[PDB]
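Below sits a lone chain in structure tokens, taken as the form deposited in one PDB entry.
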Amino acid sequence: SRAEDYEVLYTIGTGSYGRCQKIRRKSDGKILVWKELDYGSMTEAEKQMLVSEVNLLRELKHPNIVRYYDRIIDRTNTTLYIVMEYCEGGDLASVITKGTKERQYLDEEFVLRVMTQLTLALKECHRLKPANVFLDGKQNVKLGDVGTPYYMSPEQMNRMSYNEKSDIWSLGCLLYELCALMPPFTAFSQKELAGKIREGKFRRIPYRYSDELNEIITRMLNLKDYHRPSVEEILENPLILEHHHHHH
């Protein structure tokens, strides 16, 4: 309830809108994080949109989505603290960086676990970048939360639509990058990037990965959203087994 009930261990990152801090609850020593949002220049209405959003997020309870726990208002002042689950495994961006540095591609089994658990998280969301996807202590996957929009789908750069299938395209880019350690479409300019995305061509993921995994990732990257598989069709794939799901 009160910021004074927690000790800040350290800053994890200073992403958009403020900081991400690893904190500890004094009462029982529970490790959490909170996000710092400067309500400073908001409106009596802007604050209302924020409150609606925070209520919505308080609604969600899914093992593959970072869990909301509490909100805290400061009086010294102008700061809203959104208290959330801490994911001890870090983010996928760091996994990819490590694979690069070690010259070591990621296990297919790990990619299949990310595919399964992120697809389930999206399914729940339906009633995305590596730095927004976290791992817990068992390498379970948790969806959380100027730059090149590497994952922008074709229809959304033609302003056509933003639907479930656009999410599927983004998941395709993420899994592709997990496999290749590079996004499917790269470019120095955003116009060049747009051309590459529109063309829809990319290299096969490395040959150490199964044809079946390549096939599903490629299908998610289809130029036509109606040729991309739904979450249900993804989860029906024979590649996806019990042990790829979350386990406490």
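We call the rigid core whatever largest set of C-alpha positions still superposes within 1.5 Å between the two forms. Numbering follows the first chain given and starts at 1. What changes on going to the form deposited in another entry:
- Relative to the superposed core, residue 161 shifts its CA atom by 2 Å or more between these two forms.
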The other form holds:
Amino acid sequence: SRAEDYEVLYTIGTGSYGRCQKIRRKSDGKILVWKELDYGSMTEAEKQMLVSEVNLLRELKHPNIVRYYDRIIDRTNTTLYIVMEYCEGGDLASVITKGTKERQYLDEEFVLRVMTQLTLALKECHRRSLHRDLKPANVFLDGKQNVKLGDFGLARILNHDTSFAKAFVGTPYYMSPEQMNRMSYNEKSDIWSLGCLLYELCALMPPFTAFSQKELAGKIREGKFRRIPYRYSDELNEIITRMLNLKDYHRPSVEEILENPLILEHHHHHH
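I've shown you the form deposited in one PDB entry. Could you give me the structure of the form deposited in another entry?
What follows is just the one chain, with no partners and no other molecules.
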């Protein structure tokens, strides 16, 4: 409700659309974050749509989705603050970067935790069909081995210049063949993207790489990639390989994934 209700501790990071800061809620000393967004250049139309997105965001209550908490406006700076759950383990990009630097592969048990809890996150997103971009940077870890989807697509609308540069410069490593060939909404497309993510978690590189977009498109089109490292079981390799099937209808559904014998209770969330 009010900015005075919170005490900024420090800046965790400057995103493309503003700062993310670690904050303490005064009422109870609860540690949270907020996302600092300047809406000064927005039209009335863009702000109502922003309001719409926030309302849908607050409507997501799931252990495996970064939890929404509050909205605060300081009109003096034309700054909107979105209070979110603090995820102490950081994002998966950093984890993958750390794995490369230290020359160490991630435990299969970890990959199974992400697989399980991210699939559950997806099942929830689909039920409510909404931003579900599954890049490692959009995936967070708390302090209890819980995995949370935190795609803050919301913020694109604030600066169209930065949003255009992000869309044009960036390489869609996780782009499904359907979505490349002029497609739209299909939940099997999200399964392919999850496959890419789990693959990158295992191999520390995405399944398809190129220096060019049309070279990347050729690679994806062919649907060939290296097997994930041999430290990972044939079972985990078969499931990931399955999510990366050229045909969306050959990819496993959320339900089919969760039926896999690899996935056990301890792989799910515990708060």
